[PDB]
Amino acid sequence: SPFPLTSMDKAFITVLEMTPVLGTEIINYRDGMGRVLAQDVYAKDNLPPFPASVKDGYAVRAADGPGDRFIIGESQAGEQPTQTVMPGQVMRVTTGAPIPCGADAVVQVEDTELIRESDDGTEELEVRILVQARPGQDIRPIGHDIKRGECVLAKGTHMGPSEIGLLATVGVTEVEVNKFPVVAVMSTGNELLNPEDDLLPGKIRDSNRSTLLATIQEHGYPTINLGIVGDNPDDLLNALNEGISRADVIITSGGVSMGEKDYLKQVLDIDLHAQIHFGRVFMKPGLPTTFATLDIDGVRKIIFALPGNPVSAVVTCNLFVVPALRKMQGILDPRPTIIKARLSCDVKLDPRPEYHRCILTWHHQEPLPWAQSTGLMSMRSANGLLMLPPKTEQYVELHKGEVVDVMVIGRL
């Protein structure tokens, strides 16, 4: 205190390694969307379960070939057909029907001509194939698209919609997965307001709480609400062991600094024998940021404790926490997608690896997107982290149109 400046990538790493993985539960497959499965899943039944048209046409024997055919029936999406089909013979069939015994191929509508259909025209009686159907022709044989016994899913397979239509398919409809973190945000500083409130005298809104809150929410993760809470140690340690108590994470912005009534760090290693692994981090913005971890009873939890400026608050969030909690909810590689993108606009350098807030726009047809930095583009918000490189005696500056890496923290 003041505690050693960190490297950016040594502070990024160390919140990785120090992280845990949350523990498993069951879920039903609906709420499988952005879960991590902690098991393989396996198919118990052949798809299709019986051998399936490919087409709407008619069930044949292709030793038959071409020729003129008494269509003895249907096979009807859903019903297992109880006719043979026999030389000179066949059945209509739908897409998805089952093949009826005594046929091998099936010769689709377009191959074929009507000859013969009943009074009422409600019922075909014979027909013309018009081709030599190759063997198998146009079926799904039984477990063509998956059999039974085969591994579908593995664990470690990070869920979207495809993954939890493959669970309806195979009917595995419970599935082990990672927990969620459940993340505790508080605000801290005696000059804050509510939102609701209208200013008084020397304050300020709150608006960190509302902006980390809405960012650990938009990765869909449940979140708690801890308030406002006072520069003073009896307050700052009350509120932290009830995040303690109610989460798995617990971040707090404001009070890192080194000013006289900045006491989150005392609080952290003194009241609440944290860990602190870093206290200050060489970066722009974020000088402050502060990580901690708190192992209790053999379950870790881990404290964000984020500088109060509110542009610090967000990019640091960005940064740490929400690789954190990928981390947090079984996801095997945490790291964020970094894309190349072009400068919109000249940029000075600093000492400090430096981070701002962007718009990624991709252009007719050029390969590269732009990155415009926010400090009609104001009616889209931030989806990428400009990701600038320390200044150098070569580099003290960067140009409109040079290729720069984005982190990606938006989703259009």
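If you superpose the two forms and keep the largest set of C-alpha atoms that fall within 1.5 Å, you have the rigid core. Numbering follows the first chain given and starts at 1. Compared with the form deposited in another entry:
Among the candidates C151, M86, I338, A168, the CA atom that moves 2 angstroms or more between the two forms after core superposition belongs to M86 alone. Superposed on the core, the two forms differ at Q132: its CA moves 2 Å or more between the two forms. Positional change of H273 between the two forms stays under 2 Å at the C-alpha, relative to the superposed core. If you fit the rigid core between the two forms, you'll see the Cα of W362 move by less than 2 angstroms.
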Contents of the next structure:
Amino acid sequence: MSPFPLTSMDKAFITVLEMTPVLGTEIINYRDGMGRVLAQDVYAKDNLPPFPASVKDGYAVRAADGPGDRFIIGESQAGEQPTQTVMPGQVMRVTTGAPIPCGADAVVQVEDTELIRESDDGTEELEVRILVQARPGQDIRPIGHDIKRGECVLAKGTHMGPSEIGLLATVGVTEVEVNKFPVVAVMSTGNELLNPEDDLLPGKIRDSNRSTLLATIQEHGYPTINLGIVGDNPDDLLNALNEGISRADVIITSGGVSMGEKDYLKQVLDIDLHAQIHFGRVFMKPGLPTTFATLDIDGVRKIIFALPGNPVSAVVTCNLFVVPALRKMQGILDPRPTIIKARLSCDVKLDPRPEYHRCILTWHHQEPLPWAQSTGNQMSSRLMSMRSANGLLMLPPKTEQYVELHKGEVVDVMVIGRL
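Same protein, the form deposited in another entry this time rather than the form deposited in one PDB entry?
There are no partners or other molecules in what follows, just the one chain.
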């Protein structure tokens, strides 16, 4: 029974990626590019190195002239192009990374030039000690070596990290078109809720989901709006949802998603907002009452997650459904989260439905599979740790065979933190 049917996890997820749209694009300074996804191809407009550059500190060694005693006509420096022209017989001193002049397919190495002399108060040193011809293409980085001009250095769809920001800087593309980040409105619903700042009154508890979700989404860098607590009443919900709709791309609620007097949210979404509820229940533990809706305004699509009020339910479903949704909204080609194999620390008896537990992944070095230790039963139990929950342990549903898992058994863990 239920105005909404039980949706399987595999299906609930697929549904979220299908209905979640990619956001439009936007120009930003390459420094604000971390996390961003490139909406354009980026071509080089200069070579790198742009001048032949010296690999080591040495001289303008001709693999043509060879041994003969050379006239050191001066030094090539890192910051200037040599206003010189190494003619045959002579040689130019060059420090590592400095340009090479019109002389040779030169080189040296702090090894060969024994240095004959530096006459007249050793200011300059007009006497090079050259051995014999080394090998034409040895320690020179030719024009273009690292990057050629008009070369695409980063493709469209690249999810940018520090190296890419550096790469943009290398080629001087300081303004770049990227997918917008989604702005996320978060609210909590329920007459029992108080703010963390408040002192408990009878029958009430402090809202914790709102902080946990904002933090969860802030950790991925998406902007957020805190809509606060909202009563279990149609009017107040509608005003809140409307404000969220007007100021965000994704609205997240927590609380009141079951029975009848906690059924206003779904009723408000469908009846007063005319949103498309895609699923209202998913066969999972925790997160069964999890609801996902879409709403379209002037062509623009907005997405709505109504999450359970249960605190643990909240963080789990936010990680399973919201984050991947947001990763797509933001341009990531494969928005699915990474899942690794880990060994369980404790045996766990299975449940009819798939179980998700916050756990802590740890590599006990010099040993292949990480160990996954779960962080409690369904709360902060006796599990206290200096480390923060790191993965979501994903337990299969009970089969009439496979009824429970033992210590050491390989299990799938969805990574949810910086390892």
